[PDB]
Amino acid sequence: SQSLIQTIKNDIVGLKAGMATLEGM
Amino acid sequence: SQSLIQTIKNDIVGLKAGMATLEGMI
Amino acid sequence: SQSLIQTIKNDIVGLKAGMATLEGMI
Amino acid sequence: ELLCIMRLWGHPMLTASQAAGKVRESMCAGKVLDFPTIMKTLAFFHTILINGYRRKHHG
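Residue numbers (the deposited numbering), protein chains in the order written: chain D, 246 to 270; chain C, 246 to 271; chain E, 246 to 271; chain A, 358 to 416.
The following block holds chain D by itself, in its conformation from the complex:
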């Protein structure tokens, strides 16, 4: 089951990318 941790990492980095895109304009 452990791989869910790197899944969490991927989710977080995708969401931070979304954050940057949104603070674009």
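Everything labelled a hint here was simulated from the structure, so no lab data went into it.
No farther apart than 20 Å at their CA atoms in a straight line, the calculated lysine to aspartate or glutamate pairs in the EDC-like style are these:
#1 C/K261 - E/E268
#2 D/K254 - E/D256
#3 E/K261 - C/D256
#4 D/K261 - C/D256
Fit chains C, E and A to the known structure of chain D by using the hints.
Only chains C, E and A this time, still in chain D's reference frame:
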């Protein structure tokens, strides 16, 4: 406790679904 | 790996804080 | 009293131009939308509605 971890990973797959939906337009 | 888990925690809290300050104002 | 009689001089004669132009000037003045204040106000509206519905009932 890793069963709560299973619940939270299901929460995260729901969260990625939701993030994709919201990102769809802007 | 429990330290990777605390870094996961850091990930979540930083995400919440950043997106909050983001969506706060227009 | 002096006020309530200061209005005694009749109204002006009307014309579409001035008033139409003012209520037209009610057009775009800046799409200044403020999500924080509107959200806080919707929240307080929900709260007032909830407390009122509670009071005007056994609840």
